[PDB]
Amino acid sequence: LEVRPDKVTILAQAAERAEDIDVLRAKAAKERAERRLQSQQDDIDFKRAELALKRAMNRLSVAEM
Amino acid sequence: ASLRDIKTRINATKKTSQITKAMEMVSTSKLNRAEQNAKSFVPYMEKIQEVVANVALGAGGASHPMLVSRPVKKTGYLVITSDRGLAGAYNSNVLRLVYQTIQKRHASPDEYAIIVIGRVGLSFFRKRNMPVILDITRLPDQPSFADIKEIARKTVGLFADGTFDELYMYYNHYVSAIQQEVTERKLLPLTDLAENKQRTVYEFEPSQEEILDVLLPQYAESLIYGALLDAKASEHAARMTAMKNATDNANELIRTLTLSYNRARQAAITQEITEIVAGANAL
Amino acid sequence: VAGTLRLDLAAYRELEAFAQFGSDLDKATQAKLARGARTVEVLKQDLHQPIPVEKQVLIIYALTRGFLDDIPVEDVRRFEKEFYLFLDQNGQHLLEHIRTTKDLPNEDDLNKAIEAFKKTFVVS
Amino acid sequence: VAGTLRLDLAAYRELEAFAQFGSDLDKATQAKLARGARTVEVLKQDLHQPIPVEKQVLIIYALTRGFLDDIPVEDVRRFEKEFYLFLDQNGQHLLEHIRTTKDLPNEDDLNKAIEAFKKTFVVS
Amino acid sequence: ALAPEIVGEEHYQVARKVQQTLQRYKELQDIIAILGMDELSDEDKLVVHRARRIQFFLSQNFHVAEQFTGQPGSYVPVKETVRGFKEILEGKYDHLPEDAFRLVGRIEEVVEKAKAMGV
Amino acid sequence: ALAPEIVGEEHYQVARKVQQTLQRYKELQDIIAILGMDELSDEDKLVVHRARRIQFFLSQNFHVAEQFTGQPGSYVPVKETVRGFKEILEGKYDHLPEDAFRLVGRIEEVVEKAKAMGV
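Protein chains in written order, with my numbering: chain R, 51 to 115; chain H, 27 to 309; chain P, 324 to 447; chain Z, 324 to 447; chain X, 577 to 695; chain W, 577 to 695.
In short, the hints are calculated from the structure, not lab data. Be aware that one or more of the hints could be misleading.
Stated by the list, open to error - Some residues of chain R that are not near chain W, with every Cβ distance over 12 Å (derived):
1. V53
2. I60
3. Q63
4. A64
5. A65
6. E81
7. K97
8. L101
9. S111
10. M115
Claimed, not checked - With a cut-off of at most 27 Å between alpha-carbon atoms, the simulated BS3-like pairs for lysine-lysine come out as follows:
11. P:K435 to P:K355
12. Z:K355 to X:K602
13. X:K602 to H:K33
For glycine and all other residues, C-beta sits at the position ideal for the given N, C-alpha and C.
The following block holds chain R by itself, in its conformation from the complex:
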């Protein structure tokens, strides 16, 4: 907390609105599954694109001309 006579602000690494500290930890735990799913999807999309590129480059190479 930092307070000024005309300005009030508090800096928080995490915040919510239900005021139930159990709800805060519940949200923090639930965000972990979303984070893992997002990371996995981001990895798999890049892997699929890289496989397509690798196959195309292999076809180009085997077509040596």
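Here the structure of chain R is known, so what remains is to put chains H, P, Z, X and W in place on it, guided by the hints.
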């Protein structure tokens, strides 16, 4: 060569060009999203920075352990690299700079420790058998504070325990879509602070040390998070530029292959018509 | 009605190679891809079933004006097949006007007709 | 042994196309690539050095059953040469069995002989 | 004449290794041309690094060519060539710039040219 | 001849669905080979699950092939083939083992073989 071989090569090059163009578009969208995410972080960073500036430099307060420049015997290194390739020289530049800096001024594995972010940096350091102590991999394309807070507080506590007296951050700084600059930053101890223009003083409900000992680690974590956001933006820009260059190279290759194909076609037609006419004349 | 269809198909054909990578630009490109997919679905036809010009005009108008933007891609064929029967049952005035004058009817009339048909169509 | 050799070589040829650049492959594919590399090393042969079929079948059996999976790739040729020399001295009975019956001998004896040679062999 | 019993075992091995590295460099050409050197593995990068040096070292300055360039030219014995290529294949001169290997003659002249260039 | 006017509507629809499923399964060969099976989505793995059954059911035991395997062999009317492939596409036999569909003939023989294996 044969006409059919040239045609097959042209088709393959066209396919590669299409794939690279699609990758470039995806990278552009991700770069825009990363820029939005980075700009979403400014209000917290500026406020915490000015609070640290006007608290740590007011009424002395230099006695805090993370403010004094204690003599160094072990040095930390925090390296931010990508988890995926196709970014051009994004990872190689920072890895080369880190390796050159380490070899120049340490010459001993006991004098330093390495904290690495990203698969490629971890593999690079493990190939040389250098002492990696902390690592995080498989970060999302748009990381939040939650998935970096653990490692940030771990490294802050590792410094606080006295394991190493100094550490630096190495990452790519996002200047523009074309320019990404490798940056070396001394994270802590905070040898200098950018004093704000307002310079107020606050009452401390705890003691001053009892406030600083909680405030400063948060400042270090915020700095680490900002560096990570900058690195992500630079990575997306670098991947976009690399894909654009690959598409241009493929287009040039197609341009030359077309001329070769035309020459082969003319030669084939000439040979066929000459053979037909010779066969006709033989009778 | 053919002017919008030509542009939509031309725009879709160049972006088709990039569809398999998902979100590129959700503001415009996603709409273009869906419109092109529906356009491709509309142009499919079966053997030995010629269509009168008025029904073709009406279905192309419905496609180009966005009335099919909410219909799923897999149901476009059945939508068209049922729309022809609906036009036979209730849209005789529009078909007669198109046949007699070779021109589109009043806009509100066929807009209301398409909306009334969509009220009865069920998405599978 | 020919079917297993052909399958391993075909798998290696298929998988080698994806290891030219980019990200690395998983462990199972790494093992398959190592087996294929050893298979390619085995098939090499010097000039004017024909090999009897009873030794070819033995070396292919040793390769396909996984006895070469711990030998470094650079030592495969020397392993094959020393294995032929060893068979000339201590493997005579099974060489004669292959020559006479045209059939593979007991698996137990082959394993014993190969393990004895591996105990004798020293890597570089 | 390129047989082990005619030119010796060391000569044959060196020549075969040089040809193998050049063949690998030729294979990597399409990848280098499109995606650049960044996507290659560590083994392939070293292959390209040594292949460039090997390719440049095969060039030579001729006595006849002195009228074109003004460089006197050189005569290289076979053993010196074999030793130089063997040393290059071992990575002894990986730190020298690739431009020092052009039209040079013996291997010591490569070091002399690199030193004159400021390395 | 693969037209609804010649073979009928049901035959044509079943054939088109089988062709579409097999074509979809072919596009996933590289992904399965390299990335692995566990990375596929639910609909993709359902597609490959039914595609394996469809591919194995296309095999048949021939009369002249009896001396190869000892099985008597079978003659399958076109009516039975369409019904069997329609039943497979509906998921009626998703619980049966993959090897029950190999070299059988009629669809009832798949169930008989699965029972013989102890399903």
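For each hint, the structure was consulted:
1. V53: The claim holds: R:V53 sits with its nearest Cβ about 52 Å from chain W, beyond 12 Å.
2. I60: Holds: least Cβ distance 43 Å, greater than 12 Å.
3. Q63: holds, 34 Å
4. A64: Holds, because the least Cβ-Cβ distance between R:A64 and chain W comes to about 32 Å, which exceeds 12 Å.
5. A65: holds, 35 Å
6. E81: holds, 23 Å
7. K97: violated, 6 Å
8. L101: violated, 6 Å
9. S111: At roughly 16 Å from the nearest Cβ of chain W, R:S111 sits farther out than 12 Å, so the non-interface label holds.
10. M115: Correct as stated: the minimum Cβ-Cβ distance to chain W is 24 Å, above 12 Å.
11. P:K435 to P:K355: holds, 26 Å
12. Z:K355 to X:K602: Judged against 27 Å, a Cα distance of about 26 Å means the pair holds.
13. X:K602 to H:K33: holds, 21 Å
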